[PDB]
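Mind docking chain B on chain A? Use the hints.
As a plain string of letters, each chain reads:
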Amino acid sequence: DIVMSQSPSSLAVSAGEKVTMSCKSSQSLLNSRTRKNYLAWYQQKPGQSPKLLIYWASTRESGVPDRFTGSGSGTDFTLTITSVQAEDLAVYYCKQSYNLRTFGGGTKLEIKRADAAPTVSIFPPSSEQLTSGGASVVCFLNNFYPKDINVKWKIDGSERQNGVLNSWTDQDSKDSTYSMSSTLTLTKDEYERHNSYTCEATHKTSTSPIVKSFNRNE
Amino acid sequence: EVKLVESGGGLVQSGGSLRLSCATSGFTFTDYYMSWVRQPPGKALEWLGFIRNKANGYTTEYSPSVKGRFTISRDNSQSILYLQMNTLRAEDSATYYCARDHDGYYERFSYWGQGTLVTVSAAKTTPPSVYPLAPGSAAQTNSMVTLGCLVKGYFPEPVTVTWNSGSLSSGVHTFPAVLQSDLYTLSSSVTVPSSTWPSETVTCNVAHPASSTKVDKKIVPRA
Numbered sequence: 001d002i003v004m005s006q007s008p009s010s011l012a013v014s015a016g017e018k019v020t021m022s023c024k025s026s027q028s029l030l031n032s033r034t035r036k037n038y039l040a041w042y043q044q045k046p047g048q049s050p051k052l053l054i055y056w057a058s059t060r061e062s063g064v065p066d067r068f069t070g071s072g073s074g075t076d077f078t079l080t081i082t083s084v085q086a087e088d089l090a091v092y093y094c095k096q097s098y099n100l101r102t103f104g105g106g107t108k109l110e111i112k113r114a115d116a117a118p119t120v121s122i123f124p125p126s127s128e129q130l131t132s133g134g135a136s137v138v139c140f141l142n143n144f145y146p147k148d149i150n151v152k153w154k155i156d157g158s159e160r161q162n163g164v165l166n167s168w169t170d171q172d173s174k175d176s177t178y179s180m181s182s183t184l185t186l187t188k189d190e191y192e193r194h195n196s197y198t199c200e201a202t203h204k205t206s207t208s209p210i211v212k213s214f215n216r217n218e
Numbered sequence: 001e002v003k004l005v006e007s008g009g010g011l012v013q014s015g016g017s018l019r020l021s022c023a024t025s026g027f028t029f030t031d032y033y034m035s036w037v038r039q040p041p042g043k044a045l046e047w048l049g050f051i052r053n054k055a056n057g058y059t060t061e062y063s064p065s066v067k068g069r070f071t072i073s074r075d076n077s078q079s080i081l082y083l084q085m086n087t088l089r090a091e092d093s094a095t096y097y098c099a100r101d102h103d104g105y106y107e108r109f110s111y112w113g114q115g116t117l118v119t120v121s122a123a124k125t126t127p128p129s130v131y132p133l134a135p136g137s138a139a140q141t142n143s144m145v146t147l148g149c150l151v152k153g154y155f156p157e158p159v160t161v162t163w164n165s166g167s168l169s170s171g172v173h174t175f176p177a178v179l180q181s182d183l184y185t186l187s188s189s190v191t192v193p194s195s196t197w198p199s200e201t202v203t204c205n206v207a208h209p210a211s212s213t214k215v216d217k218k219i220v221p222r223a
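As given, the protein sequences belong to chains A and B, one line each in that order. Each residue of the first sequence is one higher than the one before, counting from 1 in our numbering. Each residue of the second sequence is one higher than the one before, counting from 1 in our numbering.
Read the hints as simulated data drawn from the structure, not as lab findings. No residue lacks a Cβ here, since even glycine has one placed at the ideal position from N, Cα and C. Incorrect hints may have been included.
Where chain B lies over chain A, by a calculated footprint (3+ residues, C-beta under 8 Å) [claimed, not checked]: (1) 157-169; (2) 176-186.
Some chain B residues well away from chain A (every beta-carbon gap over 12 Å; in silico) [as the list claims (entries may be wrong)]: (3) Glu1; (4) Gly26; (5) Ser63; (6) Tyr82; (7) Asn86; (8) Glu91; (9) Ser187; (10) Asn205.
So here's chain A without its partners, still in its complex pose:
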């Protein structure tokens, strides 16, 4: 088959900057019958259907802004985005149409912004969940940047790693912050054995962990 290779896999830039990203095929995409390179660029914003930006390597799809530019010939192709906006965050795919079709693996575009510390909140098991035999302790770590963040759970001062599942939102398009849930699941038996529950966010906006807590005695 023809193989399609994008690089880099990910990149982050600030609002108003330029980006470029590469796409390389294992074989020439030039059809000398028509003198066009059968290469195309797609934008897939999170939770949406892919949208075609560029075809024939550099012809813009009707109604695509001029700040997106395709270039290259043969085996080597480049997409350029001029003055990157917040709304451009998305995965960009190249697609050859010279023989059948095949997509590259994609380049993820992330919007840079000022660092920001998470708003942390902690929630004990709901009483409704407790009647079912389960116990889930929840922490929300909301509206922080950058994405890298550490969460530690303590039960009566003592760290717990098993039973913890973490899930990050896609980068907000509006303000560009990330959010994350951490959920500590336990048996009701174990939950009612201990009193003090704690979740701690270590993020590079401080050397001090942000800590929220609750005590079942209070």
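Relative to the frame of chain A, chain B by itself:
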């Protein structure tokens, strides 16, 4: 306006079969090639096949990964595109998109459908448990307050969560679902002014179309 609407997605056992549909309108179906493309959750797009226009005899092509196993066809009187998936495997789980296509000789605007989700698994369709997240009873008020809903034990995807039937959509964070004991769990947070709750109502609305279920969960203060 051109439209392409994929249907026929759903849950099917390993080794089973499934037929996807793509209903089209707003263009002469018969003049276009049509492609199917799939995307597993959190993975790349994969082109699967096309079927050519009337002038090319409606012949078919397929990626290697599905040739011999998936079949594309078209009903030209009703303007519908089909993908017959046979011998399903776990790896086939993905969103499937139909796209209008063409030999790139002439310029034509690209249309794609919204997609349809296929899930190949031994797990069964299971409605969600919906649990309210109100602050602890010893929690103290301030300028903003965060409430949540924990959505646990459902299958397959998707679920959608809203707050006060869509009235609260600012300061909402709905996290991606994670597989736990082969069932999905997700949570959603909403942050409002403390003046507005609990004086006024906050309810999350969880919709799970696969089990034909909608749950409204009012968040009340504990104790």
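Against the structure, the hints:
1. Coverage of a stretch by a chain is defined here by at least three residues with a beta carbon nearer than 8 Å to that chain's beta carbons; for the segment 157-169 of chain A and chain B the count is 4, and the condition holds.
2. Taking a C-beta to C-beta cut-off of 8 Å, the segment 176-186 of chain A contributes 5 residues in contact with chain B, enough for the three needed, and the coverage statement holds.
3. Listed as a non-interface residue, B:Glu1 keeps its Cβ farther than 12 Å from every Cβ of chain A; the least gap is roughly 14 Å.
4. Consistency note on B:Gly26: stated as away from chain A, and its beta-carbon is indeed over 12 Å from all of that chain's, at 16 Å minimum.
5. Not every Cβ of chain A is farther than 12 Å from the Cβ of B:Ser63; the closest lies at roughly 7 Å, contradicting the non-interface assignment.
6. At roughly 19 Å, the least C-beta separation between B:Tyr82 and chain A is larger than 12 Å, which holds for a residue marked as non-interface.
7. The non-interface label for B:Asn86 is consistent with chain A: the shortest C-beta to C-beta separation is roughly 20 Å, beyond 12 Å.
8. Distance check on B:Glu91: its Cβ is at least 16 Å (rounded) from any Cβ of chain A, clearing the 12 Å threshold; non-interface status holds.
9. For B:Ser187, the condition that its CB be more than 12 Å from all CB atoms of chain A is violated, with the nearest at approximately 5 Å.
10. With a least CB separation of 17 Å from chain A, B:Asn205 remains clear of the 12 Å interface cut-off, as annotated.
Going down the numbered hints, you'll see the structure goes against 5, 9, while the others check out.
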